[PDB]
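For reference, the chain that follows is the form deposited in one PDB entry, supplied as C-alpha cells.
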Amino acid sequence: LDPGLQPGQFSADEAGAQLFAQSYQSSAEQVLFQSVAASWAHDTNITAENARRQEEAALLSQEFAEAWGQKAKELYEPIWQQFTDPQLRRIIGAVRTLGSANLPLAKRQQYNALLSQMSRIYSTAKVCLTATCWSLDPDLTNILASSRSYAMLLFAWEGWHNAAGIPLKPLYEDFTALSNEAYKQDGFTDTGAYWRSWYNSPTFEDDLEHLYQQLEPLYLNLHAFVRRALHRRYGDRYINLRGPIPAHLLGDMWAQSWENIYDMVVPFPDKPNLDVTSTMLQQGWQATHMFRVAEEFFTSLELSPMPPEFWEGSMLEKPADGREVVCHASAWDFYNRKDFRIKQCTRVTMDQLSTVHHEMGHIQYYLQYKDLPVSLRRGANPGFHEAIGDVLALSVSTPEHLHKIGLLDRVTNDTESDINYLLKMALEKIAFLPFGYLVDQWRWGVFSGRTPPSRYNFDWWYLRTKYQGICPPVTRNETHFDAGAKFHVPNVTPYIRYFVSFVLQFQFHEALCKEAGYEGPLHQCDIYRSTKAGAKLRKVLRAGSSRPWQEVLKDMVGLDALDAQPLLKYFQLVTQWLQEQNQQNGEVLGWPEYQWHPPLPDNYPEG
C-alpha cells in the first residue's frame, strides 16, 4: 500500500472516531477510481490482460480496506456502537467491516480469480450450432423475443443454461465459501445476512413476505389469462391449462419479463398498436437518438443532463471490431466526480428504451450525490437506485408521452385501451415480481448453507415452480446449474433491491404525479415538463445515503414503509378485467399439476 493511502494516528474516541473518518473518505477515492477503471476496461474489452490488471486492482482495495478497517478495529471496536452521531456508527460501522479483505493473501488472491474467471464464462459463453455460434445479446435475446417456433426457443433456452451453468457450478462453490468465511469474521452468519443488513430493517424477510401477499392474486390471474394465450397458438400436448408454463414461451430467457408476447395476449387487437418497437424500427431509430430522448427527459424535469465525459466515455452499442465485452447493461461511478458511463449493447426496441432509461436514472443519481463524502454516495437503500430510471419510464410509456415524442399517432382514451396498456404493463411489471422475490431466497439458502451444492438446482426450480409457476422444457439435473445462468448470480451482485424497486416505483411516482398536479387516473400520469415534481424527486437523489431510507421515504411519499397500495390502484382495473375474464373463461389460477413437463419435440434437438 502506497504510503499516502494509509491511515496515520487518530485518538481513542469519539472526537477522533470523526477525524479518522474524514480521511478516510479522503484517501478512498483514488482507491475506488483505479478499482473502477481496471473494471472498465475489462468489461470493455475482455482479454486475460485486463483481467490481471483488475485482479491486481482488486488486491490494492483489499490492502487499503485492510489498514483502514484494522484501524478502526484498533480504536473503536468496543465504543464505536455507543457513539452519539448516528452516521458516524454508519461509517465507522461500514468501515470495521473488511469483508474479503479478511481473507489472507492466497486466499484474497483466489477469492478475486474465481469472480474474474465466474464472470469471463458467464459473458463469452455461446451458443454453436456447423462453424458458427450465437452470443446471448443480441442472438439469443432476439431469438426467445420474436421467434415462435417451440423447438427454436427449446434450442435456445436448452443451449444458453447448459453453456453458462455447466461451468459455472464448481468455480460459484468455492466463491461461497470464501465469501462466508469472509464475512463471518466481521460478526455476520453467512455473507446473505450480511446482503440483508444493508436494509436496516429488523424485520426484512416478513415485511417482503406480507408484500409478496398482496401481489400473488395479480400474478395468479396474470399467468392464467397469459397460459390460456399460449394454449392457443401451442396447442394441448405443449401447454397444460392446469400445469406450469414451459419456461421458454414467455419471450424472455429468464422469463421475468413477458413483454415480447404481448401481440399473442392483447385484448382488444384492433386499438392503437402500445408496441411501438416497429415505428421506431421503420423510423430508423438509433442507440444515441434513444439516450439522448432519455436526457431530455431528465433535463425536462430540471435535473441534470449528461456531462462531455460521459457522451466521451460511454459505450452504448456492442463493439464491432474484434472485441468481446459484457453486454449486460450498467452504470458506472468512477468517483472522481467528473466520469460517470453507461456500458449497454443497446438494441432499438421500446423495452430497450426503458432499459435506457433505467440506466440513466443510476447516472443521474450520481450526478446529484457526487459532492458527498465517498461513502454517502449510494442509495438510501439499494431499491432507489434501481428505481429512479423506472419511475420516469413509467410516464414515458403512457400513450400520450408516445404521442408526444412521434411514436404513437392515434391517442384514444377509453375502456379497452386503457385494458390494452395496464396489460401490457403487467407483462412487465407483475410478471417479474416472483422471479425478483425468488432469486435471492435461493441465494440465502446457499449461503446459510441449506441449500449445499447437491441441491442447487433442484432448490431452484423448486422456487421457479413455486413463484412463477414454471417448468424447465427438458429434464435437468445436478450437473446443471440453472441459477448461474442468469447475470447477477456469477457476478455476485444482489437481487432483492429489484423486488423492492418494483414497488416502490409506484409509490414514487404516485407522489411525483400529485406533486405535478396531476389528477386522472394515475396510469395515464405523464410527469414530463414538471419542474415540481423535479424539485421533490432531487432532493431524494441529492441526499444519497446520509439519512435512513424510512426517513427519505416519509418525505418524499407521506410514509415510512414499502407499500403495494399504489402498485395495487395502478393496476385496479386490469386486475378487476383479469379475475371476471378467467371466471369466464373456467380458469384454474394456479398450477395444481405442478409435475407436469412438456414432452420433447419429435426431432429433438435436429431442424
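Between two forms, the rigid core is defined as the largest C-alpha subset superposing within 1.5 Å. Residue numbers count along the first chain shown, from 1. First, how it differs from the form deposited in another entry.
- A 2 Å or larger CA shift between the two forms, after fitting on the rigid core, occurs at just one of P104, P86, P308, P170, namely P86.
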Given for the second form:
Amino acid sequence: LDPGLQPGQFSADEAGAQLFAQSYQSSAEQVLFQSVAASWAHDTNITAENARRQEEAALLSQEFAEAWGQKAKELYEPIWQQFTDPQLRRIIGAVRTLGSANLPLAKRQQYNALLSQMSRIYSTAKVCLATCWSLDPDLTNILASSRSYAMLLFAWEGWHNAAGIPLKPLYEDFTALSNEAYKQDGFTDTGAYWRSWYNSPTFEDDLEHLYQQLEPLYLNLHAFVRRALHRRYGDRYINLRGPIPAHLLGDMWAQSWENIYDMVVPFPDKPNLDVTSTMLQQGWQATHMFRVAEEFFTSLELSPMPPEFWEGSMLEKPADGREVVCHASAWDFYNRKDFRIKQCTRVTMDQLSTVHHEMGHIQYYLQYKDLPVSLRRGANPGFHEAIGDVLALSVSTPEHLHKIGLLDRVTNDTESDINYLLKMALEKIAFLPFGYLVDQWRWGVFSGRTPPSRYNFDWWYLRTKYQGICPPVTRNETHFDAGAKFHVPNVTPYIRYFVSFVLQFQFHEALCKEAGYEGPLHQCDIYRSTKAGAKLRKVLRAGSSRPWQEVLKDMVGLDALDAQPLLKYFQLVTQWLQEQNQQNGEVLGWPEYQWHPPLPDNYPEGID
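Complement to the form deposited in one PDB entry: the form deposited in another entry:
Next up is only this chain, free of partner chains and other molecules.
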C-alpha cells in the first residue's frame, strides 16, 4: 500500500475516529477512483489485459480496506457503537467491515479472478448457427418480437445453455470464498450480510407480508396473459391450468411482460400506448433518449448531467466490434467529478424507461457527492433503484407522452385507463415474483440450504412457485439457469428491486400530493413540479447518512414499506382482471405444476 494511503495514528476515542474518517476519505477516494476506473476500462472493453488491470486494482482496494479496517478495529472496536455522532458510527461500521479483504492474499486473488471470469463468460456468451447472436441486442429482440414458439425456444435454450453451464463451477467456488470472507466479519453467511443493509430484524417476514398482499394481482394478471397466449399458441403449447412456458412472455427471464402488450391489450381501438414505433418513425437515437430524461430532472430543479457525463459515457453498443458488458449500469468514480452511464441503448419505449432508471442512479450520485465516501449510498439499496422509476411513472402517462411528441391522440376514458394500467402491470406487477425470488435462491445458496447439487432444482422450484412458469425444454443439474441472469455472475444483489417496486409507488404518491395533483394516482405527472423536486432532493441528498425508515417517514409520512400505494395505483385494473378471469372461468394459479410443453416437431432442425 502506497505510504500516502496507509493509516496513521489516531486517538482511541470519538474525536480521533472523526479525524480517522477524514484521513480515510482522503485516501479512499483515490483507491475507489482507480478501482472504478479499471472496472470501467474492462466493462467497456473486455480484454484479458483489462481484466488483469482490474484485478490488480481490486487487490489494492483489498489492501487499503484491510489496513484501514484493522486500524478501525484496533482503535475503536468496543466504543464505536456508543459514539454520539450517528453518521460517524455509520462511517466506522462500514470501514471495519472487511469483506473480501478478510481473505488471505491467494484467496483474494482467487476471488478477484472468479469475479472477472464469471463476468467475461456472461457478457461474451453467444448463441450460434457459423455466425452468432449476442444477448444484447440479438437475443433480446428475438424474445421481444418473435412469435414463433420454436424460434423463441432456440434463443431461450441457447442463451441459458451458453451462459449458465460454464458458470456453475466458478459460482460454487465464489460462494465458498464469499462466505469465508464475510464469516470473518461476524455474519453467518454472505446473504446475512446483504440483508443487514436494511437494518430491520424482521426483514424476511416483512417482505413475505408484502408479497401476500401483492400475489392476488399477479395471479390474475398471469391467468389473463395465459389465456391470451393460449389463443395464439394453442392448447399444445399453453396449458390453461399449468405454468406458462418461460420463453413466451417477451423477455429472456420472463421478468417483464411489456413486450407482449400487443397480444393482451383489451381495447385495441384506443391510442397505442407502446410508442416504440413512433420513436423509430421519428428517428430517436440514444442521445435523444438521454437528453429527454435529463430535461425531466431539470424540470424538477434537480441537476443536469455534467459535461464529464456526456464526454465519458457509453450510450450505444460499440460498433468497432469490441466486447463490452451491455447490461446498463451507472458509475460513480468517487472523485466528485466523473459520473457515467454504460448502456447498449436500443431505441424502444422500455429502453427509455431504463434510461431514466440509470439517470436516477446518477442523480443520486450528483446529490450526495459531498457526503463522506462511506455515506454515498442510497438510504437503502432499494431507494437507489427507485429514483428513476418514479420519474418514469410520470413519463409514461399518456398525457406526458403527448407533451413530448410521442402520442398525438390523448383520451381520458375508462377503456384507455384499463389499457394503460394493464400495460403498467405487465411491467410492474409481473416483475414482483421474480424480484422476490432471485435472492431467496441466493440466500439459500449462501446459507448452504441449496448446495450445488440442487442449484437448478431449487431455481426452478422458486420460478414455478412464484412466477408460475416452466422451462420449455428439460433441465437437469448440468444446467445452471440462475447463472444466465446477469446479477448472479456479476454478484449484484436483487431484493433491492422488489423493495423498489413497492417503494416507487410510495414515492409517486407522496410526490404527486406534494405537486398539488388531485386526480387519479395513475394519471399523475410531476413534470415541472419544483415542489416535488425539492422533496425528492431531500431524500437524494441524505445518502445513507440516516436510517432509511426516518428518511422514508419524512418523505411519505410512514416509516415502513407499504403496498397500499401500489394497490391504489392499480385498483381499476385489479378489479377489471378479477372480473374478466371469472367470466372466462379461469383457474387462478397453476395446479398442473408438473406440466411442461412438448418440443416442436423439426426442432432445432428448422431454425435456418
